[PDB]
Structure formats: C-alpha cells, structure tokens
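6 protein chains.
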Amino acid sequence: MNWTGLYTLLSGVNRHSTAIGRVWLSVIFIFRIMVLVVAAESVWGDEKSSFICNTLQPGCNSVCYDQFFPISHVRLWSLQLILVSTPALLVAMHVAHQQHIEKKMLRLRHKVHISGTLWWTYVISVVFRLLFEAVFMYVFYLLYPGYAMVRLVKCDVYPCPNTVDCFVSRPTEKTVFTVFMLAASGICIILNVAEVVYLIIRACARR
Amino acid sequence: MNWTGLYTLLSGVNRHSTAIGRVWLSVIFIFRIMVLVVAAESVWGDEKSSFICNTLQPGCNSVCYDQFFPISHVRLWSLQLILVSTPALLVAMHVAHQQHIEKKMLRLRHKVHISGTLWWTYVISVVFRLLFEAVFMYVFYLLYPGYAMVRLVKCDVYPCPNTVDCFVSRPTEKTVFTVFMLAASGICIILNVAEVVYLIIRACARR
Amino acid sequence: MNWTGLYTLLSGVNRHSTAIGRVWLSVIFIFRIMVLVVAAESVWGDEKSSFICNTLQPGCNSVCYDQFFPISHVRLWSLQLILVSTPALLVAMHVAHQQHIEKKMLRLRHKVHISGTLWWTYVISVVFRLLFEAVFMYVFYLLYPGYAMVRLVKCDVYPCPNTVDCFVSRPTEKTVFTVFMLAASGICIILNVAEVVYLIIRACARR
Amino acid sequence: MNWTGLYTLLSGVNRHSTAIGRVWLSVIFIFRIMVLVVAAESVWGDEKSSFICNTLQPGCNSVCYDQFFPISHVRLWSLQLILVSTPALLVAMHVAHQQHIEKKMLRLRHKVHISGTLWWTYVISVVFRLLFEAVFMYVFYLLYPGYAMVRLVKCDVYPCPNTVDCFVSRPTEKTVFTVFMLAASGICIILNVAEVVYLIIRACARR
Amino acid sequence: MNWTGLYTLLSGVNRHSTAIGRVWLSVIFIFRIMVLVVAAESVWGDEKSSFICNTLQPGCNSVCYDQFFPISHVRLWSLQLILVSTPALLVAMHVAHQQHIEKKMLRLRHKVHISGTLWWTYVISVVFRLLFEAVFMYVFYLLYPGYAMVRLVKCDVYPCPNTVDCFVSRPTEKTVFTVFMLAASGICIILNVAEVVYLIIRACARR
Amino acid sequence: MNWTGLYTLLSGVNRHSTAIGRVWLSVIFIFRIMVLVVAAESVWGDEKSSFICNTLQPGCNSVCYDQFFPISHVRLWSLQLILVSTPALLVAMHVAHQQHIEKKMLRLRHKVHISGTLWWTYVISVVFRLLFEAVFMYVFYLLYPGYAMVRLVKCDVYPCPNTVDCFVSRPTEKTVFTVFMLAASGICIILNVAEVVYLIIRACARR
Ligand SMILES: CC(C)CCC[C@@H](C)[C@H]1CC[C@H]2[C@@H]3CC=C4C[C@@H](O)CC[C@]4(C)[C@H]3CC[C@]12C
Ligand SMILES: CC(C)CCC[C@@H](C)[C@H]1CC[C@H]2[C@@H]3CC=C4C[C@@H](O)CC[C@]4(C)[C@H]3CC[C@]12C
Ligand SMILES: CC(C)CCC[C@@H](C)[C@H]1CC[C@H]2[C@@H]3CC=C4C[C@@H](O)CC[C@]4(C)[C@H]3CC[C@]12C
Ligand SMILES: CC(C)CCC[C@@H](C)[C@H]1CC[C@H]2[C@@H]3CC=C4C[C@@H](O)CC[C@]4(C)[C@H]3CC[C@]12C
Ligand SMILES: CC(C)CCC[C@@H](C)[C@H]1CC[C@H]2[C@@H]3CC=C4C[C@@H](O)CC[C@]4(C)[C@H]3CC[C@]12C
Ligand SMILES: CC(C)CCC[C@@H](C)[C@H]1CC[C@H]2[C@@H]3CC=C4C[C@@H](O)CC[C@]4(C)[C@H]3CC[C@]12C
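Chains as they are written, first to last, in the deposited numbering: chain A, 1 to 108, 122 to 220; chain B, 1 to 108, 122 to 220; chain C, 1 to 108, 122 to 220; chain F, 1 to 108, 122 to 220; chain D, 1 to 108, 122 to 220; chain E, 1 to 108, 122 to 220.
It is possible that some hints are incorrect.
Copies of the same chain look alike in the list, so a pair counts if it fits in one copy or across any two.
As the list claims (entries may be wrong) - Quick list of in silico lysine to any residue cross-link-like pairs, SDA-like style, CA-CA up to 25 Å:
id : residue 1 : residue 2
1  : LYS104    : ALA19
2  : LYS124    : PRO172
3  : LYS167    : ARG220
4  : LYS48     : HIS100
5  : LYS48     : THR134
6  : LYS167    : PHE153
7  : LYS103    : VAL27
8  : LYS103    : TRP24
9  : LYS167    : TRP3
10 : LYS167    : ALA19
11 : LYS104    : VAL37
12 : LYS167    : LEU10
13 : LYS167    : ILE202
Please keep in mind that the hints were generated in silico from the structure rather than gathered at the bench.
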C-alpha cells in the first residue's frame, strides 16, 4: 500500500474536494474505523456476556438487556459508519462513471457540464453526510441521554418474577470509547459544515 | 483498490449497462452487502443463543425456534444476495467470454451480432434479477408477515411438556436491520424496473 | 480483481475448453463454493451443538449422531468440491507446463502433438469430473436417501441406557441448502455431459 | 511487500524527517504494534475470564473488575497507539495533499513556502506525538501506579455480600508485557525529544 | 493469482525438476494442504470436546486422551507437511540465491558448476523429502496401527478411580480423512521415487 | 508472491550478508514462524483449559498454573521471535535508509563509508541476534529445566485449601514442539556464530 494510491482511494478521485475533505476528514474517517474495529473486537465482544442480571430464571437477562439497549452502541456506530460511507462511495462511483463515459467518448463544451454536475453531486453528497451524522447524533442522544454508559440498572419485565438489578460489565471502558465516537462524529460534522460553506463561497467568488 | 478498477469490476465490464445499473444499483448492492455483513457479524450472531425458551427439558428450545423461524433472516438475505449476484456474475462472464473469443479471432459483421446478443443477455439478466428479488419478497412476506420481528412467542411442541413462552433477544435491532434490507431490496427492484424500461425505449428509439 | 484475469484463472488457461466449461460451469462452481461457505459458516456451524439428544448420560449424543450421520453434509460437499476441483487444477497445471516447456524450447510439428495431448488430457479431465460427481451423487443417496434431512430420530446405542429421541436443529434449513447442492451438482453433471459430447462431435467433424 | 515501499509507507513520504523518525522510531512503532497484537491475541484474551472472584452471587466479579481496572491495559495501549498514529497519519496526508496540489498546479517561489509549511506541520506533529505519549504515561501511572500488575485484590462492592478476594490470572505475564510497553513508549518519547531538538538546531544553523 | 506465476511459485523456479515434481506432486501437495485445512477447520476442531470420557472426576478425560493419542492426527500431518515443505523451500532458496549471485556477478565455466551443484542439491532435496515421508509413515503406523481410528476405548489411569470407557466423536469421519492423508502421502512417496530414478537415468544417459 | 521478491524481502536487501544469513537461517526463521503459528493455533490453544486442577474452590487452578508457568512456552517463543526479528528489521531499515539518502543525493568516496558502516551495522545486528537467542536459551532453561514439559504437578497455594494435583493436557505434544523450538533456536545460534566468524575472516583477508 503506497501513500499516493491510498490517498487516491480515500479521496474518491474527486478534483472538487479541497484539503478538508481529502485530508482531515479522511483521517477522521480512518480513526473512527479503527476505534470501531477495536470496540467490536474487544470492548463490545458479543455484548451479552458483558450484561449479567442477578437472576436464575432464564430469559429475564436477555429481555432486560433488550429493553435497556434497543440498539447496541458499537453496531449503531457501524450503521452510522456505513450510512456516512455511502455518500462518498456514491460520489466516487459518479466521478469514476464520468471517467468511463469520457474515455468511451474519446474513441468516438461537455466537459464544463460534467464538471458542474460533479460539483453539484459532491455538494449534495456532503449535505447527505452531514444530515446522516446529525440523525445519528439525535438517535444516540434519545437512546442514550448520558454520554457515559450506565453502570447498574433496575429492570422488571414479565419473565422476571420481580424487579432485579443488572450490571453492565465495562461502563467506564464503554464510556471512553463512546466519548471518542462522539468526538470523532462531532469533528466530522463540523468538517462537513466547513466543506459546505467553503464550496459555496468558492462558487460565489467564481461569479 | 482504485476507483476506476473497482467500478470496472462492479459494472461487469458491460457497455450496454447505463448509469442506473453501473452506479446506483451498484451502490445499493454494496450497501446491502455491508449491512448483511454487519447483521451476520453481530446482530444475528449464531442466532440460537439469542432465542431462549423458558424451559429446562432439552430440545424444546431448538424445535420451537425451528418452527417459528424456518429460515433465518440473515441467511435468507445471504441466499437472496447470492441469487441476485448470479445474473451479474453470469453476464459479466458472458461479456468476458466474447472478449476472449474476439481476441482469439483477431489473430486468425460479427461485431454487430455480438453486441445484439450481449444486449439480449443483459436484458434477461436484469429480468432474472427482478424475478429473484420479487420471489424473495414473497418468501420473506409469507415466512414473516410483519416487518418488525416478533418479540415474544408461545410454542407447544412434542418435546415441550406444555405450552411455553420463548423470547427473541433483539426484536428491535433485528427489526431495524430487516427494515434496511426491505428498503434496499425494494430500491433494487425499482432500479431493475427502470433499467428494463429504459433499455426497451432505447431499442424502440433505435428502430 | 479484474474480470479478464479472473476469467483467465477460472478457465484454466485452456484453449480447447468451449463456452460451457469456461462460463456456465465456472459460474456453477463459484455458486457451489459460495453456498458451501455459507453452509459451513452458519447453517452447519460445528454441527454438534445442532444435534441434541434427550439424555443425561454422557456419550450417547455423540455416538447417536455418528451412527445417523457417518459423514456430515457440508464436509461431504467440501470433499466433493475438492475432488471435482482436482481435475481442473491438474489440467491447468498441464497447459501451464506445456507453456513453460514451449517457452524453454523457444530459446533453444511439435505444436500439433502438444495441442492433441492437451485436448485428450482435457477430455479425460472432464470425464474424471463427471465420474467424481456421479460417485458423490451415489454416496449422498446411500448415506441420506431422502433429500430433506430428517428432523427427529430414534437411537439406541450401547452407552444409551435405552432408546432415546434426538433432534436435528435445522432440518428445514439444511434441507434448503441440500437442495441447492443437489441442483448445483446435477447442473454440473449435465454440463460435463454436454462438454464431453460437444468435444466428441467437434473431433468427428474435424475428420 | 518490498522494503523500499514499506519504508516509503512508514516514513510518511516526508523529506524533512531525518534518520531517527524514519528508521528507529519506525522500528519502535512496528515493535509496539506487534507486542500489542500478541497481548490482545493471547495474554489479554477477553480479559474477563482471566479475572476470577471467589464468590457465587452474580455481578460481584464484573463490578470488582471494573473498579480495579477502569481501563484495560491492552486497550489503553491500543488507544495510545491510535492517538500517536494520528499525527503521522495527518502529516502524511498533508505532504500527500501538497503532492496532489503541486501536480495539479503543474498542468496549469511557492515551493519554498510549501517546504516551510511542511516543516512546521511536521514539527507540531512530533510535538503532538510527544504530548500524547506523555499524557498516556501519566494516565497509566495514575490508573496503575506499580509497573507490575497486582496479583490478588480485595474488593467489597454493593452486589458483593461482603469483602471478597479476586485473582488476576497472569500478573507476571501481564507485568512482562507492561514492561515492554513502558520501555517502548519511553523510547518513543526520547526519540521524539531528539527529533524536536535536532530539527530546531537544523533551523537555527540554517539562519 | 495467475496460473503461470502460481506454477512458477510452486515449481520453486527450478529448471532441473521435470514434469512429475512440477505438476503431479505439486497437485498432490496442494490437495494435501486443502485436506489438512478442512480437517483442522471442522473434523479435528479442538479435538478435545470430540473425546468424551464417561466420568465425573476431573482430569481423567484429558489424561486418557493423552495416553491414547500421544500426537493428534491433524497436527502430525501438519508437522509432516512442514517437514516435507522444508526441502522444497530450501532448494527454491538455493536457486534464488544463485540467481542473485549470478545477477551480482553480471555487473562485475562457472555456469556449468552452478548447474551441477543445483542438480545435486535438488536430488538430495527429493531424497530428504522421501526420507521424511517414510519416517512419518512409520511414526503414524506405530502410533496408530489401524488406518481406521478406534471408536471406543478403555482407559484406567491414576486420576480415574477405575477403568472407564471413552468415545471418539467421529471415528468414521476421521477414518476417511486419514485414508486420504495416507493415500496422498503414499502417492507423494512414489512420485519422489520416480523423480529420483528419472534424474539418475538422465545423468547416466548424459555420460 | 514470487521467489525472487520473497528472497529479496527476507534477505533484508543487504549485500554484505552471505549465503548462510540469506538462505539457511532465513529458512530456519520461516520454519520457526510456522511451528510457532501451529503451536499457538492448536497445541497451546488458550493454554488454560489445557491445565486442569483437581479442585472445586475457584481460583486455585489459575494461581497454580501461574506459579508453575510464569511465562507460557508459546508466548515466550513469540517474544523470542520478535526480539530476534528486531535486528533484521532494524538493519533492513538501515540499508533502505542509505538507499533513500543515496537516491536523494544523486539528484543533488562517500560510498565506501556507506559500505563500511553498513557492514559494521550488520555485524552488530548479528551479534545482537546471537545475544538475544542465548538470553532466551537461559530464560527457557531456568523457567523450564527439563526439555520435556512436566505432565502432573503438585501445588499448594493460599486459595487452595490443601495440596492438590494438576494435569497438563498435552505434555507429550508440547514436548515435541518444545524440542523443535529448541533445535531451531540452537541452529539459529550456530548459524549466527558461523556468520560472525565468516565476516571477521573476510575483513581480515581484505587487509
Ligand atoms: C471523505 C472521505 C472520508 C471519503 C473516504 C471514502 C470511503 C467512504 C471509501 C474509500 C475506500 C472505500 C472502500 C473501497 C473498497 C471496498 C470493497 C468493497 O467490496 C466493500 C466496500 C469497500 C471497503 C469501500 C467502502 C467505502 C470506502 C472506505
Ligand atoms: C449490477 C451490479 C450490482 C453488478 C455487481 C456485480 C457483482 C454481482 C459481482 C462484482 C464482483 C464479483 C465478485 C468478483 C470475484 C469474486 C471471487 C470469487 O472467488 C467469488 C465470487 C466473487 C466475490 C464475485 C461475486 C460477484 C461480484 C460481487
Ligand atoms: C471448469 C472450471 C470450474 C475450472 C475452475 C478451476 C478451479 C478448479 C481452480 C481455478 C482457481 C484455482 C485456485 C487457484 C489458487 C489456489 C491457491 C492454492 O494455494 C490452493 C488452491 C487454489 C485455491 C486453487 C484451487 C483450484 C481453483 C479454484
Ligand atoms: C514516525 C512513524 C512511526 C510513522 C509511521 C506511520 C504510521 C502511523 C502509518 C504508516 C502506515 C499507516 C497505515 C496505512 C493504511 C492504513 C489503512 C486504513 O484503512 C487504516 C489505517 C492504516 C492501517 C494506516 C494507519 C497509520 C499507519 C500505520
Ligand atoms: C515440489 C513442490 C510440491 C514444491 C512446492 C513448494 C512449496 C513447498 C512452497 C511453494 C510456495 C511456498 C510458500 C511461499 C511463501 C510463504 C510465505 C512465508 O511467510 C511462509 C511460507 C510460505 C507459505 C511458503 C511455504 C513453502 C511453499 C508452499
Ligand atoms: C536473517 C533473516 C531471518 C532476516 C529475515 C527478516 C525478517 C526478520 C523480516 C523480513 C520481512 C519482515 C516483515 C515485513 C513486513 C512486516 C509488516 C509490518 O506491518 C509488521 C512487521 C512485518 C511482518 C515484518 C517483520 C520482520 C520480517 C519478517
């Protein structure tokens, strides 16, 4: 893996993307992937043996975990990663498609129109990224208000004969990784905002 | 991995495929693969320890799960993924075969016939994709009517001494991933419909 | 991975192989590998915790499973996959060897003899594939008469104090994958038959 | 993997980095990654079955481990690895970005300014690495004062009916790997200090 | 992976190796690796839960398994694979070393001596392979006289209070894979014998 | 993977290394890596369920294992592998660095000095390898005097109510792999000694 090719792959071979979206948010993307890989590997390993409920009747532990964790933190971040990777995947496919069409048309001004539609597609791609990041911020906030994961919980569900206390295995560890995910996502959000406004002022300065 | 080569691999080196089948449905295919990988990795992990039945006599839990889940969601999606990947795999092999035959014949108009049969093969390839997607829609509908997975079930099978209640571990989580699969498959269906009608009107406009 | 190189690898760089053996049976081979990978990954996972026997005395479950499943379905398919991959592996090594010998001899008609022996080697390679496929059809038939895997079994072995009932975890799921394996193998068989007769009529038409 | 390309990837294609930061601290980085991989693979495997508490009431073992190990050693080292990898990742993206901008501008003195800003960015990159390493030194010190991991601990938490004794599985083994991590991090720190002072005296000698 | 390069890698870039050692025994080597991978993956999985002893006192099962299986079948085959791979690894390094020395000397008859010593090194390489294969045949014979693995065993060791009966999980399955290993190793042996005699008669015909 | 490039990677692109250090000890290094991979994969799998103690009170088994196995055999070999890989890693980085410096200086006798310092660096690299190998020989000797691993042990630690007997799962198997590691390390030691004396007599013959 060479750095020039790796940067070429991460940048989505887009010429309209400036330094922020090809360097800093690319680094943020790689950092968030690495943290997610570590979290899935070790911290959130199977995420069920971590959650123990002080009970002997079967099924109470699973239903209590489901009630208090409707969507797991690591897999919510994985879905967030995929949903924010989709716009970059799409726009990279767009510029690659124009490369293929232009290469085909070479054997057989249009270039100005191609540049304009590529710019517009990239802009809405960043907008969709920002919207997806904001939606996952609100989803994470409503599911888990406190940034730090709760250590001990009280649950009383139908299979459970009475109210019981359940323990989260690594509330502090999962809190640290949650903080890194929240910080990385917030940085990605503000980088998207900077990208959007920077492109707008470039277009306004053009005219 | 470069974007030009990756697009070349995903497009199936087909010249008759237009923008929809080389860009948007390609992105949908990648998105569905990523969601399926996440679902198999974490949400549907072994899918048996997830399903607990409130009983002590052995064998009741397994048979109750088999009755209520004849085919697991994630592996049904995996079979759907393979069956819809097969037409693209086949047509890509077709155009590659014509490339090899034409390259062999170069050393030793036919090209018009090759283009015509490639167009027809690609059309029936998209038709077979659409039929496979529709069949899996009907199969998923009959096996699981409600889009949201049922949380708690009542089963009474021969090994079970009496009727017992069984709990699905993550009904909400599996519901979310089921919604994404249904939405992605529906998008793939309508993209196939658009591809079919677009090619038909192109051929009609040719004549 | 480019399509031209991937087709080149799958075709076994053989010029005497026609469209069937380089395109359709190649797709069938890939499809059977993918289904086998999925079956080993999830459906047949460790294939022992799937088989539960209603007993408490140790060793009865394992011996009952061994009696009713002398050779597991997925690993029987894996051995079938290897034994049918061996002829293609061998003939590809043959044509590669002739490439190396001809390249060595270039530095220092024989080509007609090389083409003839390559044709004969490829023919017996397809014949050996067809025989191996037929043998595994008969082996699978004798070991498992019904295509659908039995759901519940009755076993009485020496460690078992008396006759006990054992449950197969996913008889319907394993039935579906068995159907796909049987269909894929049958398609591979008839494709081999078509390849053999097609080459014979080509040679007869030559003379 | 060739040595020239691997060195090119590790050096971050930076011309202002001298021998220390491209050779010795690169080797230290690889060594720390390998030790971390081994520690996560085997020594710190799931790090929970390692920690056993002499009790039968559920939840006491997990909460006692959380209290005595707020952040696990291996994952703290993983976060340290990522946080010290981020500056090198960033500065490599910076020099790659200038390569792309200069290549784009070639088709259409600035080079002196580019060299100056690259030097400044690399300097603050090493400074941020040194600060991150020092912060993790202080974090590791406060969380775990003694370099050798404690073998046996006494915990008394609310779920635990009374004070109980818990055993760390491999205190000596984890001590050895902790010593290697501390030594490697300290070497990385002093290498960063040498890099900083060496660049400063180079700039002073320039003027 | 192209066939020409894969054959080049498997042949050990040796010009003195004829068709048998570059084609058939190469295929046998690949086949034995694939069977070993399958055996380690599934048939011999952890090979301890497979061996159950009808007892409750701990430690009797492990010591009984150790007595009746001093060296496991799959790992004995793995050691056999490595010990027979070592001569090919060594001789390939030899011919590569002569390539490097000749390339270095080009910048600055010896070639006849290089060819002669390469031939001798390859001959003793095949001899060492044959000896290693024969040794593992005798080792496997003495450890396990019968080719078919024993199904049920009687053991009485110090931890065991009295004589107990232990069950091998898959005696028939492990028998089938043992038969394939024995057949593949025997084929490799006779191929080595053919290689040795063929090279000898070539050298005698030269003089 | 081609043989020329693989040899180039293993040799550390060093011109002062003769046949022993580029061929035989390279093969020994690969052999030791393969044996270590097999040992970690299967023989030493998690190395805790292998060690069973005849007791019911929790924590006695873990502390008894820690006392009798302060450092596990496989991970001690892994640390030995890394510590002997470090000098080759370092010297390969050295020669690569001189390649980069010379390439940079080409655009802008020194070569004799570069060759001399490369020779000295390689010599001390082999010396450090030999010292590390000898240290691990002494460490392994003091931790485990007998080459064959002990089968049964007697331990009496504070958590254990009284003296108890513990069983090592595979003393014979681990003995065989220990013998291979000891033989491979000893061969690597004597190869280092031969390398050192050979280089010394070359330098003396030069002057
Ligand atoms: C603005 C920045 C962050 C854009 C970064 C682009 C990201 C989203 C792109 C760059 C490289 C891409 C990867 C390239 C190749 C593959 C292989 C495919 O089989 C699965 C998807 C996967 C793994 C892609 C996922 C999306 C990806 C990671
Ligand atoms: C219209 C769009 C979605 C077509 C996309 C083409 C898809 C179906 C094609 C593109 C690349 C293909 C992959 C290319 C190579 C391999 C390796 C082979 O050993 C298994 C199949 C596998 C993994 C192929 C599966 C089918 C595949 C994913
Ligand atoms: C007629 C058609 C189906 C022929 C298809 C050829 C098949 C049998 C060939 C094509 C590519 C081959 C693979 C190419 C490379 C390797 C790597 C080697 O280390 C193990 C075997 C393995 C994985 C081969 C197995 C056989 C293989 C899959
Ligand atoms: C001064 C020295 C230590 C600098 C060494 C540079 C390090 C920090 C650089 C060199 C190569 C880089 C790797 C190159 C490619 C990838 C793939 C990406 O998908 C995840 C990050 C990852 C794995 C990078 C992490 C950072 C990395 C390891
Ligand atoms: C006569 C025939 C069978 C010779 C076949 C040569 C065999 C023994 C050679 C060919 C390719 C070789 C492999 C090439 C590269 C590597 C990578 C290295 O990091 C571990 C060893 C390993 C995996 C080699 C093992 C030996 C090997 C498999
Ligand atoms: C004298 C002989 C034995 C020298 C052999 C050189 C050995 C020590 C060298 C040759 C190739 C090297 C590997 C090349 C690339 C990488 C990738 C990196 O991310 C981790 C280290 C790792 C895996 C290296 C470890 C050291 C290594 C194995």
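Here is how each hint holds up against the structure:
Taking the shortest alpha-carbon separations for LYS104 and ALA19, only the inter-copy value of 13 Å comes in at or below 25 Å, while the best intra-copy value is 30 Å. Taking the closest pair of Cα atoms, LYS124 and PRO172 never come within 25 Å of each other, the shortest separation being 66 Å inside a single copy and 70 Å across copies. Proximity of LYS167 and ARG220 under a CA criterion of 25 Å is satisfied in neither setting, with 62 Å inside one chain copy and 68 Å between copies. For the homomeric pair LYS48 and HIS100, neither the shortest alpha-carbon distance inside one copy (48 Å) nor that between copies (47 Å) is at most 25 Å.
For a Cα distance limit of 25 Å, the shortest separation of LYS48 from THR134 qualifies neither inside one copy, at 42 Å, nor across copies, at 44 Å. Taking the shortest alpha-carbon separations for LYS167 and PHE153, only the intra-copy value of 21 Å comes in at or below 25 Å, while the best inter-copy value is 33 Å. Proximity of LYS103 and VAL27 under a CA criterion of 25 Å is satisfied inter-copy only: 22 Å between copies versus 31 Å inside one chain copy. Taking the shortest alpha-carbon separations for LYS103 and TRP24, only the inter-copy value of 20 Å comes in at or below 25 Å, while the best intra-copy value is 31 Å.
Taking the closest pair of Cα atoms, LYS167 and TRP3 never come within 25 Å of each other, the shortest separation being 51 Å inside a single copy and 51 Å across copies. Taking the closest pair of Cα atoms, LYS167 and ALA19 never come within 25 Å of each other, the shortest separation being 49 Å inside a single copy and 54 Å across copies. For a Cα distance limit of 25 Å, the shortest separation of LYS104 from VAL37 qualifies neither inside one copy, at 40 Å, nor across copies, at 35 Å. Taking the shortest alpha-carbon separations for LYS167 and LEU10, neither the intra-copy value of 45 Å nor the inter-copy value of 50 Å comes in at or below 25 Å.
For the homomeric pair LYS167 and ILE202, neither the shortest alpha-carbon distance inside one copy (35 Å) nor that between copies (45 Å) is at most 25 Å.
Checked against the numbered hints above, the structure breaks hints 2, 3, 4, 5, 9, 10, 11, 12, 13 and satisfies the rest.
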